[PDB]
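Undergrad: Residue strings, one per chain:
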Amino acid sequence: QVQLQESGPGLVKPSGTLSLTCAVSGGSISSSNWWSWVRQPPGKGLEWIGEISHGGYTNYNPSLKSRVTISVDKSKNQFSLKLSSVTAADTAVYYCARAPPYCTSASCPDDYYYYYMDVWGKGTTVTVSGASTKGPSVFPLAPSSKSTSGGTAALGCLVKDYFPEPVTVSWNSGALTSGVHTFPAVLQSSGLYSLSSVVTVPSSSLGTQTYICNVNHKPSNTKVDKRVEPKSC
Amino acid sequence: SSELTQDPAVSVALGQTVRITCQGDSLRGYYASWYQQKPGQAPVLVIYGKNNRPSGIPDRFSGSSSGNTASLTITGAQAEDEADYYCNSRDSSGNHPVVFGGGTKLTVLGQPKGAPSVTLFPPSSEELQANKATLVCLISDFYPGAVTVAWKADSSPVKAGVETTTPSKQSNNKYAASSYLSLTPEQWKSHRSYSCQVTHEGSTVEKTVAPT
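Taken in sequence, the protein lines are chains A and B.
So that you can map any letter, position 17 of the first sequence is 17 in this note's numbering, and since no number is skipped, the others follow by simple counting.
So that you can map any letter, position 98 of the second sequence is 98 in this note's numbering, and since no number is skipped, the others follow by simple counting.
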């Protein structure tokens, strides 16, 4: 029942130090486990970063060893990653993960302690950039006769002009999931992102339900809850 | 090659069987693991210890290995098996760092084609009162994943202020895209209409909105 959740800064300045934390739930950091980090540059494959056990023992990717420190916090049930002297090559989604106790060397007494990462976090997006963070401006996309087709109506939220990625959108604090489509962001000529999230709902529910989009832009520590109401007027 | 390698792409027909193979010196004497990843999602372990399925992974996934190669087999492939598949090992060298294969992107053939669903939103009252105006053209559920988008002001083409995304893979393996037209509030309010025209495999869907 172990679950993992990353937190990160969003933006890190070039030559700066990236700091990430992974919160462990459903199990103890002090149990025999290899608490691990993996990353994935945009459009590219997976790269293992390293692992730590509760006693402090570590193993790191040799290509990153000189810049990586993984740590454990017993009391808070977390582990963390520090990556120094960052460059654009470190822009990536960073995952924390769990690997059970393993033994893969030929010297191992047993052969059945396989190495694998069975539990993964959601990932946190890290952008290495000298540009300034910018929070979004959120506008409602109201349902109307022209955004309705028969028994189904579309309504949404426009999330304008933010940096860096990502923005996450939920609806009704997570109580509305059916019919939700959050579209990938456009990267504008300005270097800022915009995206939209739309939900399709029964057209007969437009008067009787409340629709609120919850926009989270963690890089700028901004959250916006935007009410989306039918046009009228 | 000594390095951990797999072909970057392979295709399989719906309901057929496909073998994804990884090759490298680190697989010798090693019990490999395999990870499935879909766009916008974290990897999922599908095989560990050469041939073991985690709970919840369907039995059409299996694993095998011999010598310097390891294979993931999908028997009776379903549409939801479209994904990137990575093998994983630990090197015999040093203190045994973890290595991933480059990934094999599996395409499942025979999935249904579809014309795009297009929804066009006008600028919101709030945005107009903030002295800006954006039209939002949302394009979804099209397959294959290629589209072109054009905008009209009344009956005339407008290309200033257009920004359009590349298509992105949806969870149902169809594709989505969006196009935005930036205008001034005075341009929006003084026109008869604006239109978003979406072309997909030779056919076109156009939606129109008008100020009111």
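Since the hints were derived computationally from the structure, they do not count as laboratory data.
Using N, Cα and C, we set each Cβ at its ideal position, and we do this for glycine too.
Be aware that a few hints might be false.
[What the hints assert, rightly or not] Computed list of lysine-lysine pairs in DSS-like fashion (alpha-carbon distance at most 25 angstroms, straight line):
id, chain 1, residue 1, chain 2, residue 2
1, B, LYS159, A, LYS44
2, B, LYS105, A, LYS44
3, A, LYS160, B, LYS113
[Unchecked claim] Non-contacting residues of chain B with respect to chain A, defined by C-beta distances greater than 12 angstroms in every case (computed):
id, residue
4, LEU45
5, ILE139
6, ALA153
7, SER168
8, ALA176
9, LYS189
Undergrad: Against this structure, judge whether each hint is valid.
TA: Hint check results:
1. B:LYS159 to A:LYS44: 33 angstroms, violated
2. B:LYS105 to A:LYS44: 12 angstroms, holds
3. A:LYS160 to B:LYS113: Cα-Cα ~32 angstroms, so violated.
4. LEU45: The claim breaks: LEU45 (chain B) does not keep its Cβ more than 12 angstroms from every Cβ of chain A (closest is about 5 angstroms).
5. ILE139: About 9 angstroms separates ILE139 (chain B) from the closest Cβ of chain A, which leaves it inside 12 angstroms; violated.
6. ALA153: Given a closest Cβ separation of 17 angstroms, the condition holds.
7. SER168: With a cut-off of 12 angstroms, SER168 (chain B) comes too close to chain A, as the shortest Cβ separation is near 4 angstroms.
8. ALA176: 6 angstroms, violated
9. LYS189: 15 angstroms, holds
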